[PDB]
Amino acid sequence: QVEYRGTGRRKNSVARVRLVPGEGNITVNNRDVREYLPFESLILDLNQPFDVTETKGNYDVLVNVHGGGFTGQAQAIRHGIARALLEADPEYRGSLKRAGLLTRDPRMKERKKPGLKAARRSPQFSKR
Amino acid sequence: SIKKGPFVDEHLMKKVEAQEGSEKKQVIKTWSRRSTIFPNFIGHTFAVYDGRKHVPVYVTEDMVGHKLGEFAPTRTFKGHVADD
Amino acid sequence: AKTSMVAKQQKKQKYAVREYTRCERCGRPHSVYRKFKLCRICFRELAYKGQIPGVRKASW
Amino acid sequence: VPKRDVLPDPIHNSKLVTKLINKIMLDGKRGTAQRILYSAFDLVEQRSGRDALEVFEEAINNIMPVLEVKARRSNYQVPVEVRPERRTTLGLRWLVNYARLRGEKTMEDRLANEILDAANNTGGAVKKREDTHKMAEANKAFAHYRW
Amino acid sequence: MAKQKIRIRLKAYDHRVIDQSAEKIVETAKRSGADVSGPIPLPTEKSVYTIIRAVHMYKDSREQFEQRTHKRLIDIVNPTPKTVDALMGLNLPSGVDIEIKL
Amino acid sequence: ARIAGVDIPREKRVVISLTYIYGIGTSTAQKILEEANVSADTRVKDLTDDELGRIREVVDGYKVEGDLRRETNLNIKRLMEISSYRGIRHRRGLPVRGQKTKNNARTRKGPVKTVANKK
RNA sequence: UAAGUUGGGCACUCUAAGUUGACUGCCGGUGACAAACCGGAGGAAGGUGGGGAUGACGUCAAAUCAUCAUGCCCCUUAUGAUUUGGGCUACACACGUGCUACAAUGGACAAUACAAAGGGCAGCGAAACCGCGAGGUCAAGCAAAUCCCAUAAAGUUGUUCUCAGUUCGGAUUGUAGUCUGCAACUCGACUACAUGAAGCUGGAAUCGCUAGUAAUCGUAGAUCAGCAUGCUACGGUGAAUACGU
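Protein chains in written order, with the deposited numbering: chain i, 5 to 132; chain s, 4 to 87; chain n, 2 to 61; chain g, 7 to 79, 83 to 156; chain j, 1 to 102; chain m, 2 to 120.
Honestly, the hints are just simulated from the structure, not real lab data.
Do not rely on the hints blindly, as some may be mistaken.
As the list claims (entries may be wrong) - Pairs of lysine to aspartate or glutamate, EDC-like flavour, derived with a Cα cap of 20 angstroms:
no.: 1; chain 1: m; residue 1: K114; chain 2: s; residue 2: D86
no.: 2; chain 1: g; residue 1: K35; chain 2: i; residue 2: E27
no.: 3; chain 1: m; residue 1: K101; chain 2: s; residue 2: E73
no.: 4; chain 1: s; residue 1: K56; chain 2: s; residue 2: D86
no.: 5; chain 1: i; residue 1: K131; chain 2: j; residue 2: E63
no.: 6; chain 1: i; residue 1: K60; chain 2: i; residue 2: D109
no.: 7; chain 1: n; residue 1: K15; chain 2: s; residue 2: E13
no.: 8; chain 1: i; residue 1: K60; chain 2: i; residue 2: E27
no.: 9; chain 1: m; residue 1: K101; chain 2: s; residue 2: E13
Unchecked claim - Ranges of calculated distance between the beta carbons of each label pair, as one might list FRET restraints:
no.: 10; chain 1: j; residue 1: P41; chain 2: s; residue 2: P9; range: 53 to 61 angstroms
no.: 11; chain 1: g; residue 1: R95; chain 2: m; residue 2: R107; range: 42 to 50 angstroms
no.: 12; chain 1: n; residue 1: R29; chain 2: j; residue 2: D85; range: 45 to 53 angstroms
no.: 13; chain 1: i; residue 1: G119; chain 2: s; residue 2: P9; range: 46 to 54 angstroms
no.: 14; chain 1: j; residue 1: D60; chain 2: g; residue 2: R56; range: 42 to 50 angstroms
no.: 15; chain 1: i; residue 1: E91; chain 2: j; residue 2: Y58; range: 37 to 45 angstroms
Claimed, not checked - So, partial list: chain j residues that the calculated Cβ filter (under 10 angstroms) puts toward chain n:
no.: 16; residue: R7
no.: 17; residue: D14
no.: 18; residue: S32
no.: 19; residue: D35
no.: 20; residue: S37
no.: 21; residue: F65
no.: 22; residue: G95
Even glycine gets a Cβ: it sits at the ideal position worked out from N, Cα and C.
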């Protein structure tokens with residue numbers, strides 16, 4: 005058979021997505037999506053790629069990933085998906101780029117400078 | 004506290020052995036900070052250097068709850084106008 | 002004063018640490034590093050000179 | 007300066023839920039609000055058998071101001090239509106903020122009581138509506154000939 | 001893993017001097033033999049030293065410093081006394097810190 | 002009264018019920034639950050007589066009692082009777098170690114009066 | 001295979017080096033045709049792309065003679081020197097900075113997953129063993145992408161709790177102990193037992209902040225015989241609003 009493969013980068017995380025034709029059933033680290041996310045029921049948003057692109061779906065999935073909390077890497081999922089669906093056919097880009105899901109969100113944390121301490125709060129003045 | 008075990012500065016004992024096996028004093032000089040009480044040192048009259056001038060204190064048998072290392076602080080009334 | 006305290010922290014000592022590791026040239030004890038044994042200001046005003054290795058600065 | 011939306015949430019399928027959960031998220035714990043809200047849409051259907059969107063949508067019409075004021079200058086204050094964004098923002102804002110002010114010990118009883126009483130045109134949300142719409146659109150005469 | 005091998009480590013504080021020097025000792029490695037390994041990178045550890053721009057006070061306006069440290073890793077297979085001389089023949093320039101090893 | 006020592010509230014769970022006794026907290030309680038083999042079940046005092054006796058006699062194991070209050074009494078009062086600077090700071094909210102009283106009035110002495118002699 | 005641990009592999013991730021790219025720059029309109037504004041495509045990234053570093057002439061006779069250097073002035077058998085002990089840490093009070101609280105988004109118990117960054121040679125302390133515990137024995141590997149620091153915590157699933165000054169809180173005090181240092185009395189840190197404070201969201205006034213921000217959880221380090229609620233960086237979850245001047 006044949007599969008496609010593109011990475012996933014977001015939010016201090018790294019995901020190596022492996023896109024195999026199939027029915028759609030997903031096990032990151034050989035472990036199901038429910039088995040990896042607290043709680044979580046925003047998972048259909050990781051299936052947002054499948055509603056707009058490869059409508060309705062589906063392809064079975066394998067992936068390995070580490071780094072960063074559950075959210076940012078749960079949404080690192082998306083980018084190797086869209087990239088990989090474009091590896092299949094550049095047909096799919098026109099409905100993607102009017103939706104995005106592919107521009108690896110460049111924003112992430114910010115350094116400190118004096119004012120921020122053990123938690124992220126900037127300081128006061130001396131009253132009275 | 005202590006790592007097993009009790010102790011003395013071991014100039015104190017060397018003095019007070021000759022002071023104690025024979026007739027005792029009503030008076031002693033010392034510094035006595037790295038040291039403490041245990042049964043050899045009772046009845047004798049030690050005087051920790053308070054900072055200005057050591058004061059005679061006579062040890063008591065019951066000085067197990069209190070010790071030698073201090074009796075009369077450096078604060079010494081008070082420092083403040085009001086009191087407890 | 003500071004002059005006899007140089008001698009203080011130079012001589013032999015009764016035991017391991019009554020010590021303080023102060024700056025070689027500057028007589029300041031405080032805000033000193035063991036890696037260099039240089040005080041606060043002195044490492045800086047030498048750090049600008051392009052003398053110790055190395056860059057220094059602004060990537061973090 | 008524009009809004010930067012929140013997408014859907016498919017529990018239970020709608021978006022106002024999505025805008026709702028974020029306000030309850032005291033101190034950044036999104037799973038707790040997620041739970042207690044979703045269960046609130048289990049229990050509001052359990053007691054007083056109906057649909058979640060019936061009680062919810064109907065209430066957040068019932069508690070939803072459409073006219074409103076703002077001050078400027083002596084003390085005058087313009088009566089002002091509400092944008093649909095702020096319309097729902099006020100509905101949900103004052104909704105939770107008073108839903109707190111009930112005073113029950115339970116996560117969801119307070120809410121189901123809140124929007125199911127609101128959906129019966131009772132509860133301090135509706136009273137807030139009636140007070141705002143009282144002082145507003147009763148003193149319109151002086152502040153209305155402006156922006 | 002088991003194999004005849006040479007391996008070393010370099011260290012210095014400038015990517016240009018270290019990588020040109022790497023070009024030297026790789027060139028001279030396969031000059032006198034074969035089976036060289038390229039200039040394999042390494043994470044390039046760092047440091048930090050936060051200091052106040054001050055003499056007396058005003059801690060709010062602080063200042064930083066750092067000391068980057070390149071790290072480079074080279075291996076060769078099938079040793080011989082000649083590539084030995086390629087190691088102990090040329091390190092130059094000498095801000096580098098070679099530690100010839102096996 | 003009633004099941005042990007004095008002053009237990011009825012119809013309460015064991016793990017908390019056995020702490021109003023002056024002498025037990027929360028863990029040593031659990032220990033004496035491990036001796037006589039009792040437990041709550043559920044929010045409430047289910048203790049029938051057949052367990053009551055064993056808890057009633059096992060509980061003698063400790064000081065628990067007001068004798069602990071007297072123990073404290075002769076401890077501190079001995080501590081000031083002997084010499085003692087430790088009693089002087091036993092009045093100052095200052096243990097044998099120290100706490101740096103400048104704001105430590107309101108842990109003991111109820112900030113009233115407020116009066117400041119600045120400058 | 002316990003396990004990438006090893007055969008094999010460098011495809012991907014990555015690691016650090018070289019270079020491409022974003023510049024009104026391409027299109028359309030507007031506009032003195034111009035500058036420039038507005039919108040359209042493309043691209044990962046459009047109008048200084050986010051950030052940092054960087055701080056004009058000068059001002060406040062601002063701060064520092066106690067980092068240092070130094071003019072003048074002054075001390076000298078002491079305004080110089082060594083040492084033990086002491087204090088710099090006091091305590092009717094106010095002020096400012098910050099921590100934890102005033103409990104059901106909560107508290108206790110059990111299971112369970114996801115990091116980043118940085119340090120270790122006379123220092124990291126793996127396994128195993130003892131102990132309720134801090135800790136102790138013991139010794140393998142470790143000058144480091146190797147091995148140790150080092151479980152990340154919040155979370156998620158469960159049991160219980162059902163509104164009380166409460167299994168709320170965690171101050172103070174007594175006892176019993178751990179380590180460091182000679183010695184923890186003024187004055188260290190730490191665990192175990194018991195205690196079980198004030199306090200049930202804050203008046204007059206008032207500060208912070210426009211998105212990875214606030215809010216919020218924990219981690220690493222320096223200084224270091226022992227000692228950071230503070231400082232610095234590190235990431236984790238992650239929002240509402242911006243009508244308008």
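Is the straight-line distance between the alpha-carbon of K56 of chain s and that of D86 of chain s 20 angstroms or less?
violated (24 angstroms)
Using the Cβ atoms, figure out if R95 of chain g sits within 42 to 50 angstroms of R107 of chain m.
Because 46 angstroms falls inside the window, the suggested range holds.
Restraint status (C-alpha distance of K35 of chain g to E27 of chain i at most 20 angstroms):
The given pair, whose Cα atoms are some 34 angstroms apart, is violated under the 20 angstroms limit.
Given the hint that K131 of chain i pairs with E63 of chain j, test it: the Cα-Cα distance must not exceed 20 angstroms.
It is violated: about 28 angstroms lies between the C-alpha atoms, which goes past 20 angstroms.
Keeping to a limit of 20 angstroms between CA atoms, is the pair of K101 of chain m and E13 of chain s held or broken?
violated (33 angstroms)
Could you say whether the range 53 to 61 angstroms given as a hint is met by the Cβ separation of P41 of chain j and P9 of chain s?
holds (60 angstroms)
Using the nearest Cβ pair, does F65 of chain j come within less than 10 angstroms of chain n?
Check passed: Cβ of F65 of chain j comes within 5 angstroms of chain n, closer than 10 angstroms.
Holds or violated: are the alpha carbons of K114 of chain m and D86 of chain s at most 20 angstroms from each other?
holds (13 angstroms)
Measure nothing beyond the straight line between the CA atoms of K60 of chain i and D109 of chain i; if it is 20 angstroms or shorter, mark the hint as holding.
Violated - the C-alpha atoms of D109 of chain i and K60 of chain i are around 25 angstroms apart, more than 20 angstroms.
Could you check if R7 of chain j really has its C-beta closer than 10 angstroms to a C-beta on chain n?
violated (25 angstroms)
Please work out if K60 of chain i and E27 of chain i have their alpha carbons no farther apart than 20 angstroms.
holds (11 angstroms)
Taking the closest Cβ pair, is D14 of chain j under 10 angstroms from chain n?
holds (8 angstroms)
The structure shown violates the earlier hints numbered 2, 4, 5, 6, 9, 14, 15, 16, 18, 19, 20.
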